[PDB]
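Participant: Based on the sequences and whatever the hints tell you, model everything.
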Amino acid sequence: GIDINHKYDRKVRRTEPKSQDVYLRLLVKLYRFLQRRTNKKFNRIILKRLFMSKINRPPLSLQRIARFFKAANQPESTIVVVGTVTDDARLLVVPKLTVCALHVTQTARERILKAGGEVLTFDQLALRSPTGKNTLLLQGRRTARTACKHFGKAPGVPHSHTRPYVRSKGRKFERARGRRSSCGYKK
Amino acid sequence: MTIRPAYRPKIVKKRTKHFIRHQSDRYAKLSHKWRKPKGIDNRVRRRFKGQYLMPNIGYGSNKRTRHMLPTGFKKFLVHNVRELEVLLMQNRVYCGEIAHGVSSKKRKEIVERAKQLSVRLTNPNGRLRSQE
Amino acid sequence: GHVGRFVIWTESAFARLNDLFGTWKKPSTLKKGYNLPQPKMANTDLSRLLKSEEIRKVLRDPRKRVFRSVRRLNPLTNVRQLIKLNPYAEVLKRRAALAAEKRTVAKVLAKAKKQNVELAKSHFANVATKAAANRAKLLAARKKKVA
Amino acid sequence: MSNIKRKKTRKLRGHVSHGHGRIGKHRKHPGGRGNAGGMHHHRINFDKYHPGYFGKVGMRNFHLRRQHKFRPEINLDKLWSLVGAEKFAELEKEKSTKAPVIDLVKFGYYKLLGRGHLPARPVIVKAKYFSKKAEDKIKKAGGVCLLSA
RNA sequence: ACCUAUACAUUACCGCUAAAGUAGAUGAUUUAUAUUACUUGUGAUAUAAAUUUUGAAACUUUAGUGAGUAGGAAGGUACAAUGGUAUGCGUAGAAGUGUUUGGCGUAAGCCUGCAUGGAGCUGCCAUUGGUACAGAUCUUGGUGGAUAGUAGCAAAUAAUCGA
RNA sequence: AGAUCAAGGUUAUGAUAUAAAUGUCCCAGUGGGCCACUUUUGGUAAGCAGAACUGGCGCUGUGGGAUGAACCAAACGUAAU
RNA sequence: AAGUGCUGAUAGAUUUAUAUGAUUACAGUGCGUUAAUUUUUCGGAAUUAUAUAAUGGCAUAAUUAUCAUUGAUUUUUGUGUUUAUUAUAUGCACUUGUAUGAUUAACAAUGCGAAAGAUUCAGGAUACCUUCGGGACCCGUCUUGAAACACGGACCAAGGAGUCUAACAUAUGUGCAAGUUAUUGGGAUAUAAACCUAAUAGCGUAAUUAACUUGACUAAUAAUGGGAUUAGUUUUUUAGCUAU
RNA sequence: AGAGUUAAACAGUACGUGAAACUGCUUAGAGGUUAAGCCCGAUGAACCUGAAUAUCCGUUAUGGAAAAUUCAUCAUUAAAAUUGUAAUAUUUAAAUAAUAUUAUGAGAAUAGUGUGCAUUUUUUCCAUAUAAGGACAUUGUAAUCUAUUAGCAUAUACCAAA
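Chains as they are written, first to last, in our numbering: chain A, 366 to 552; chain B, 97 to 228; chain C, 1071 to 1217; chain D, 250 to 398.
Hints are computed from structural coordinates only; laboratory data are not their basis. Take the hints with a grain of salt, since some may be wrong.
Said to hold, decoys possible - Straight-line C-alpha distance at most 30 Å; calculated DSS-like pairs for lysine-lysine:
hint	chain 1	residue 1	chain 2	residue 2
1	A	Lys413	C	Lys1095
2	C	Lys1102	A	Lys498
3	D	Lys342	D	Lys305
4	A	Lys479	C	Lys1102
5	D	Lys382	C	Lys1095
6	A	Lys514	A	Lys498
7	B	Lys113	D	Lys260
8	C	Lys1127	A	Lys479
9	A	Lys372	B	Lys132
10	D	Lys336	C	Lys1095
11	D	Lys342	A	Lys461
12	A	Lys435	D	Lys386
13	A	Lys551	D	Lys342
14	D	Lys277	B	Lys129
15	C	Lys1110	A	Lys406
16	A	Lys435	D	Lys355
17	B	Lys132	D	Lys254
18	D	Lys254	B	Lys159
19	D	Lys297	D	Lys254
20	C	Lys1102	A	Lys419
21	A	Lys479	D	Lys336
What the hints assert, rightly or not - Have a look at the derived ranges for each label pair, beta carbon to beta carbon:
hint	chain 1	residue 1	chain 2	residue 2	range
22	A	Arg429	C	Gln1108	18 to 28 Å
23	D	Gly280	B	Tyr148	38 to 48 Å
24	C	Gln1108	A	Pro382	13 to 23 Å
25	D	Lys305	A	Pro460	49 to 59 Å
26	A	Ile410	D	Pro368	17 to 27 Å
27	A	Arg401	B	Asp121	17 to 27 Å
28	C	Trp1094	D	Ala338	52 to 62 Å
For every residue, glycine included, the Cβ atom is placed at its ideal position computed from N, Cα and C.
Facilitator: What follows is the structure in structure tokens.
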């Protein structure tokens, strides 16, 4: 007709997960109700974080929680993490806190009940603060996974820095011609 | 006889005559039904000027007269009298078609009960023919 | 791969699951470390979740009317349309229409000059209105003398 | 073993080429069956994406035994999941009944490294080696190490 | 002055892309009426009546928009066996076979009537295997036109009446 | 040159945004092309070769020069005017 | 340039708006001051002041500004003035009634879903045949190009070509978490199932240099240690709106 | 060929199911044409398909019967429940939430009896009256609406041209 139905007319990002649960749908079939009456941006970022895969809905270890709870002058804010706040040991003292979280491991409840601060889930949260007043939102790292440093190689630069696919460590493994000095060239 | 169903309009369809599968004239190893001829020369694949009108999403019917048989309903498979209890209260909407593994013993039991349930069948009188 | 057969327990059997999967407060017994697993959604009501007296004090919009009304209209064939999207369109008509209307009188009076027939009841009262409109200007001579 | 409506080629029949071309199509190997010739004509997709290859970094270690380099490595930052977790709570009263005793050889950990940054408690710890950045910081922290038997 | 395009415009319609709305129904909602607080007149009460259901993977609504081999993902259907399932039909005719009975899809494909036929079969949802064919100078088994009566059965002396 | 105070208009050309912004699979293909106008070598030259800058043909139907992959109109959901 | 004023037509008319949400608000009608002018006389008819910011006409004051400047375009206005002008000063019920939810619909004709039976009106290439108007090379495929004077195809029924494992990478589902793993094993006990299970041992934890060594922020702490890009929350006070 | 035999011979040594290409036959049409084919829209022929329901200026007024009755202005009684209180018992120190039994509460709710209990009720059929028994389909109008053509024009206003 014209010419543009060009590209992309195609809003890529996910509408609903490829997952056929009856618990995770129950959050979606609840939290679609609580972002289309209010317009609060805090609910939508809950909704758009109910959708990533197992990886990239980041794992999140407990020492990252604590100094964020020591991001001080907030003694009442409730912790919301869409992920897995597991347990790490070397945080010796543990503070009183109350988290909303998807998945909490058995060794993770056992120290925060030893804290002892009650952890709550999302429908458990949903009774309390749908506005999000005094609520914290913590999302883990995504260069965190070690399998995610294979990017993006063209070695001539000294901005190369990017972990080739090894067979296994030792010697005579991708270390003679190209890397070091004397076998042809330094990268 | 039966009251026609539930807001009966003009069922008016886009293209009606069937769709007959490029070069099915001079091969009777070639069947009747269509296969978009995917090869790089063809005389219909290029949606040319003359040939057997090429299907797509255009030609369909309206999205309220989807599936609508010429008597207002949408057709529906029926097996025994218990599935005619599915057509208890919806009787003014759909119809029934007695599945063709049902004998003339059990089809005596539909045609005398669901008549009083006021549903329509496409086919009574299958094996009726008032003999066994 | 479907839930739910009709299952019948016995009393010595039924008092072993507490051993076999411990409680919410403990680990279990007969397996090492198999804890009782978790829920990811710990209240799973929806109807009594919407009861609520803690949610529907913050809801905003019941836009029950749909407000669709999507039909366009013509700006000449609907003379009805003109005043609605645009007042003062009535002004330009009801200015020039009477100017044509007196001009309809202004050419029948030539026929009432040529033949002089009527002027009986079709245009006689149409031209006798100036005698009534004289009184609309006698007040300009008698009621406008207040300033 | 597949759910094959998902598997790419049960909707590909019929397209009349099935997925691998219609000019220079799927001929049993074009490539060189394997890794040829990493020096020879597959040069560019072997440097880049795989440098360091082909050659000789040098020490012909004749018959390594992977025991002499065993040394399983624990770090000073953990150290208290090593002891009981609630046992740290009674060491912060304060009661100076401790330094405690931390065996490592009984654990299954050998050389104490020094990522660490331990608490202020003294610790008597037994390892199979030392690390200089750790042991000085332990020695400020009131505890000291002694080499295990 | 006329002339014709699958182009341009407007009304419907199809699918697709984008945007937007809808879940306290032991309510909401009008319609009347009894009353009332009465605030002139607006509200609450009570009676009487009637409208009010969906895989929120729904539903309503809005605009725009649509060519296509080489090729990639999107839901859709055939032909399978395996575990779950429908108080599943079955010698009172089950599978395929025909069809100038009738119909649904955009389409692949079903549903249906009659006529053979004689013992087993399908639908939803989990899985899945040697899974749908016009083709490969494709393998095997019928069978055409030419001919189903043409090609030609012409070398070696040559057969004949009567029983 | 850096950090940190002090003053500060309406942010500084037009016209838009059919939405902009990025990291993987290095993702299936494809690595032989053709033509007209100008610009143009090689050759006397050709429906030959050899190109730079566009548009098109392969991928493309189409209304028009009867005809014709490119010419000139226009780039193809089903329908009436 | 103004509805100037029609007169004649074409084809086309979404909408189960709860089959999960104004049928409402604009306007038009008949009821309750007025006075005469005028006309028809049967209605009608015609009258102002009631209030404006007035908005032009004119007059002057006044200024911003201007090709020019006799000036004229103006700007801000300010006032007077007559003359035009318009909307605001229509509640109360009612009405098949205007317009509004992709704004199409009153009338009329034509006909009985007639016990069974069965006429009527439109449609209907279902897949032919019959009758005409345009279209039109006969199918794969290599190639810039096939209707090819390019190769393969006589017809048909059944059979046939994207599989197996191997380890990897990535995307992704599902548990779990500094953990994870039985799946080599035994024993419990019904059978190739499952159950239960111990030491290991894979892989990560902590890196390497050719190796011997050494071993990951000054601290009881630090997060690409500081910086800017920041959603969100918290908070300072401001007005502000609705409830108040 | 008859006569049989069998549920079948429309199962008779290709002895079940009998296709597909070929076609032998009879009926139906037709023809010197694009060589056969189709595709587009009609086309007689031929069978077929889909056809219907309580008003203009009403889901109105009005009169006839029948059966009956928890319904009246109906009373009681028999319930079981539901909702909503109060208590107790299982709780992660208490509350709460939650089930389990315990009682109150209101109103509804059925089974049974009862002014009149068929008195002006109740539930099924019969009646006229305003456009009126159709209310539907295909049609001709009449006007409305967005597009859209053809055919006339009432008065302006502008320069010059006089």
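Participant: Please go over all the hints and tell whether each is borne out by the structure.
Facilitator: Hint check results:
Of the pairs offered as hints, the one joining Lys413 of chain A and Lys1095 of chain C is violated, with about 34 Å between alpha carbons and a cut-off of 30 Å exceeded. A distance of roughly 43 Å separates the Cα atoms of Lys1102 of chain C and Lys498 of chain A; the hinted pair therefore is violated under the 30 Å criterion. Proposed proximity of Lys342 of chain D and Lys305 of chain D is contradicted: the alpha carbons are some 60 Å apart, above 30 Å. Note on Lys479 of chain A and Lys1102 of chain C: the hinted pairing holds, with a Cα-Cα distance of about 22 Å set against a maximum of 30 Å.
Our distance criterion of 30 Å between C-alpha atoms is broken by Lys382 of chain D and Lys1095 of chain C, whose separation comes to about 43 Å. The straight-line distance between the Cα atoms of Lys514 of chain A and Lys498 of chain A is roughly 38 Å, outside the 30 Å bound, and the hint therefore fails. Simply put, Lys113 of chain B and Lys260 of chain D have alpha-carbon atoms about 28 Å apart, close enough for the 30 Å limit, and the pair holds. Straight-line distance between C-alpha atoms of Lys1127 of chain C and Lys479 of chain A comes to about 35 Å, which puts the hinted pair past the 30 Å bound.
At most 30 Å may separate the alpha-carbon atoms for a hinted pair to count; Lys372 of chain A and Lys132 of chain B meet this at roughly 27 Å. With a C-alpha separation of about 22 Å, the suggested pair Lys336 of chain D and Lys1095 of chain C falls inside the 30 Å cut-off, and the hint holds. For the given pair, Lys342 of chain D sits about 19 Å from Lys461 of chain A by alpha-carbon distance, which is consistent with the 30 Å threshold. The straight-line distance between the Cα atoms of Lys435 of chain A and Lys386 of chain D is roughly 26 Å, inside the 30 Å bound, and the hint therefore holds.
Distance check on the hinted pair: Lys551 of chain A and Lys342 of chain D sit about 58 Å apart at the alpha-carbon level, beyond 30 Å; violated. At most 30 Å may separate the alpha-carbon atoms for a hinted pair to count; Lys277 of chain D and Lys129 of chain B exceed this at roughly 36 Å. For the hint linking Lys1110 of chain C to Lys406 of chain A, the alpha-carbon distance of about 24 Å falls within 30 Å, and the restraint holds. Between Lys435 of chain A and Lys355 of chain D the CA atoms are separated by roughly 37 Å; this puts the pair beyond 30 Å, and the hint is violated.
At most 30 Å may separate the alpha-carbon atoms for a hinted pair to count; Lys132 of chain B and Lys254 of chain D meet this at roughly 20 Å. For the proposed pair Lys254 of chain D and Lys159 of chain B, the alpha carbon gap of about 28 Å is at most 30 Å, so the pair holds. At roughly 37 Å between alpha-carbon atoms, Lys297 of chain D and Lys254 of chain D are farther apart than 30 Å, so this suggested pair is violated. For a cut-off of 30 Å, the pair hint linking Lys1102 of chain C to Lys419 of chain A stands: about 27 Å separates their Cα positions.
A distance of roughly 13 Å separates the Cα atoms of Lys479 of chain A and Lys336 of chain D; the hinted pair therefore holds under the 30 Å criterion. Evaluation of the 18 to 28 Å hint for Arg429 of chain A and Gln1108 of chain C yields a pass: the beta carbon distance comes to about 21 Å. At roughly 44 Å, the beta carbons of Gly280 of chain D and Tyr148 of chain B sit within the given window of 38 to 48 Å. Roughly 19 Å separates the CB atoms of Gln1108 of chain C and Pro382 of chain A, a value that falls within the hinted 13 to 23 Å.
As the Cβ distance of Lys305 of chain D to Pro460 of chain A is approximately 56 Å, the hint placing it in 49 to 59 Å holds. With their beta carbons about 37 Å apart, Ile410 of chain A and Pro368 of chain D fall outside the hinted range of 17 to 27 Å. At about 57 Å, the CB distance of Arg401 of chain A to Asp121 of chain B disagrees with the hint of 17 to 27 Å. At about 25 Å, the beta-carbon gap between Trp1094 of chain C and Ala338 of chain D misses the expected band of 52 to 62 Å.
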